[PDB]
Amino acid sequence: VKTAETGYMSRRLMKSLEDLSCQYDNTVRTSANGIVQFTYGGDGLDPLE
Amino acid sequence: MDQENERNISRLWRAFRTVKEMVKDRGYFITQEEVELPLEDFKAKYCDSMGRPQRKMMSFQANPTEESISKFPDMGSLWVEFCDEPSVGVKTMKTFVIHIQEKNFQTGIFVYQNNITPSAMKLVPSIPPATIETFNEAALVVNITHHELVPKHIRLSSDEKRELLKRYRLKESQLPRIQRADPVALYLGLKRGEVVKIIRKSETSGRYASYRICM
Amino acid sequence: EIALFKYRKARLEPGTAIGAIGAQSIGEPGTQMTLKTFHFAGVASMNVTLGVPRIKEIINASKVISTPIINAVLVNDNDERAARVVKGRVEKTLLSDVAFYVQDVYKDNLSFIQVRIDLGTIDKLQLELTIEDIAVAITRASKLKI
Amino acid sequence: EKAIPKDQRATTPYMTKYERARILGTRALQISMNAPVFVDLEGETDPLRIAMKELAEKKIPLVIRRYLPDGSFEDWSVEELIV
Amino acid sequence: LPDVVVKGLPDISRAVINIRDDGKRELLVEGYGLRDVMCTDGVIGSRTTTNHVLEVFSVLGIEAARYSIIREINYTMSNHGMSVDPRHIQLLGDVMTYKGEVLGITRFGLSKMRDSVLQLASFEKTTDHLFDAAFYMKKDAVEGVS
Amino acid sequence: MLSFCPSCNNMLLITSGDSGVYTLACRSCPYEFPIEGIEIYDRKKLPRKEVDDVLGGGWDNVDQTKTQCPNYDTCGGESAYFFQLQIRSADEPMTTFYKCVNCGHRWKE
Amino acid sequence: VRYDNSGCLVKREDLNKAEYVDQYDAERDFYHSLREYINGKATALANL
DNA sequence: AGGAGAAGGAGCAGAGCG
DNA sequence: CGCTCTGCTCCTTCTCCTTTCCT
Ligand SMILES: CCC[C@@H](C)[C@H]1CC[C@H]2[C@@H]3[C@H](O)C[C@@H]4C[C@H](O)CC[C@]4(C)[C@H]3C[C@H](O)[C@]12C
Ligand SMILES: [Mg+2]
Ligand SMILES: [Zn+2]
Ligand SMILES: [Zn+2]
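Protein chains in written order, with the deposited numbering: chain A, 877 to 925; chain B, 1 to 215; chain C, 1072 to 1217; chain D, 71 to 153; chain E, 1267 to 1412; chain F, 1 to 109; chain G, 975 to 1022.
FYI, nobody ran anything at the bench for these hints, they're computed from the structure. Don't take each hint at face value.
[Unchecked claim] Only part of the chain F face toward chain E is listed, based on derived beta-carbon distances under 8 Å:
#, residue
1, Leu46
2, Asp52
3, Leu55
[To be verified] Which residues of chain F face chain E? A few of them, derived with a C-beta cut under 8 Å, are:
#, residue
4, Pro93
5, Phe97
6, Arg106
In this text, a Cβ means the ideal position worked out from N, Cα and C, and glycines have one as well.
Using the sequences and the hints given, assemble the complete structure.
Below, the structure written as structure tokens:
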């Protein structure tokens, strides 16, 4: 039962978040060049490493 | 009722204090003893001898401080005007607008009590040079700025906004936006195109600075 | 040298698809949480929904949710007449909770409705209302209804 | 549009994973379409592996143009960026 | 008659006093009366929070709503045992509230700043979006990944 | 009021008739009742309320096992509450959720 | 350097004013924690 | 289903009138 | 002073959208 809801949730999450990229000035922006975050997480640190 | 009267007076005193500090941090001169008034002093100085409050002893005026006028040269005096009639109509609002224009203020807030009519709201944005800022009274009991969830918003001048834009090579249409008629935006009295600096603190990153623009 | 190298290394590199990375890092754990508020039996605490329905409400920004809870921080610490005196100011329709009966009375020319609001219950549940608060509430309800 | 000068460049001097993968792919394409190489081949036929060898020996003749959001850019070569 | 509030807030179901792990005695309210509770006497108004991010947005502002979103997500995904980096949730909150108001992750919210008829049609309500773009002469640029 | 007309049992009403009389009308058959010399009334008893009690919680009498918290170096947890109430697929085994009885850290296995 | 909100230089008494915060603050905190850890080791040695 | 969105009604304090 | 406009505020009816696909 929960599979369908989880899949739909993941798809719409991706639709909302799909185009956000760290830039060479370190800001997180949109496709339209709208600056949503000035530094990633207020830190600029990649959570992976 | 006696306890109902006591509760009304307590709420009125707290609202008076909130308005006092709101006018303070906006950049107008009030003093720490002026804001840190005791409840007994409030009752003895702003109430009649019958045993009721009187809103008309409280309508006061503020003036720009030296540093505030140095930073924002085009800032005039305001006029806080508490009201006694519960449901404000066009008569009281028209009288208020005439008083504002005859006293030639640059701004002036209006702390109504119970309700504001849709017709009175239509006279609020009708003055070419100046503007009025209608405020409820049930809203002002606890100031928003002192809540734990509200980061310290700071207003930027024209020079500082230009400095921010030049640093990131940005355009004002691209900064994140703060709605006009936002509880913290109207607290500071934000006009369109004003940049507000925010100091938000995260446990995973300490303190970092973000920015917004009034929209 | 070790610490400086590691810190200079850990930085989000330009070009990262951080939006999609975060979207998948939130959605992927979301596929394992049950569509139910499972909890350990034997507690019977307050009912709050904290599964994928809760994530769905937060994500959807729904104007009406189920089980909304306000956390009010008090000033004192005393069970008797320190917490109840401030709980009594945030509660629901107590007219039938303090009425203790209601009467319908007719006469030669007048038609009555009588309520005998006992004061012992108010004396127990520490409430700030005696006579005229009830009367003003009833008149406000009459304006609201008839 | 203009180019940020060599004396003042504000971008990181560490090559990124995306820059590395793009450099390797472009050089592999160039080699697979019969371009001269600059390392001792030993015994190898794959353009990808030849490009990897050239990158390890730091002999790839390409530069990277980094585009800032405003629209200016900086030029970094492969013998400058480090990993 | 016996169904009209005589004291308290006619927007709140019930309140219960809770015994905290520190020994403190605080009560948490189940309803929608936030501003009234913050204003009631006997409670600390600067320390009072609710579940509803939209409620926090109306009374406290947009930054407070962003904090509320981040905390609520961290709680809902921390009580289930899912270990997610806080920065992903930070980015989710910033995106959800980066245009001055709480815009959800639905199709109605997605008309926030996307301004892209192609990706809106790719997502949902395809024909409505394409016909609206034809009428209003929507002139999008091809920059998004979709 | 809930009273019924004798000999037709239909219903009794109070009528705004002539000469200001609130007599007990019927509307089904010719039956009348003079209220004069009044004793009529309707008594409805009402349970008032009880003094409600707190909801601290009873982590006692909850399932307990013997495991180690992930953050052992901070809090020393040798027990944990659990439930075996998550089953993804039938071929795949069950899943057990825990919470640190010491600190209160939820995780699953 | 921690310049001012308009581009000036802070006067070294207004360094932690919660209004001149910027980026590089997390980097400063990292350096401070580094120095603190080394100082912990040094103090333990001196105490022994 | 549920679940929001949106377009049309329907009663209602408001405000101006001779 | 009821009358009569102008305008909310509330409410009911009416469609959209729901998971990996697996060749
Ligand atoms: C008991 C049922 C009442 C319910 C229908 C009412 C009572 C209080 C109302 C909320 C508050 O006004 C605060 C917010 C204001 C925003 O603008 C829209 C959302 C917001 C949460 C409201 C939604 C809705 O209107 C609520 C839940
Ligand atoms: Mg299997
Ligand atoms: Zn009969
Ligand atoms: Zn533990």
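A quick look at each hint next to the structure:
For F/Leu46, the interface hint holds, since its Cβ comes within 8 Å of a Cβ in chain E; the closest pair sits about 7 Å apart. Nearest Cβ of chain E to the Cβ of F/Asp52: about 7 Å, under the 8 Å cut. The hint holds. At about 5 Å, the closest approach between the beta carbon of F/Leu55 and any beta carbon in chain E falls short of 8 Å, and the interface hint on this residue holds. For F/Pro93, the interface hint is violated, the least distance from its beta-carbon to any beta-carbon of chain E being 17 Å, above 8 Å.
Because the beta carbon of F/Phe97 sits about 6 Å from the nearest beta carbon in chain E, less than 8 Å, this interface hint is met. Interface restraint check for F/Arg106: the shortest CB-CB distance to chain E comes to about 5 Å, inside 8 Å, so the restraint holds.
Going through the hint list in order, the structure does not satisfy hint 4, though it satisfies all others.
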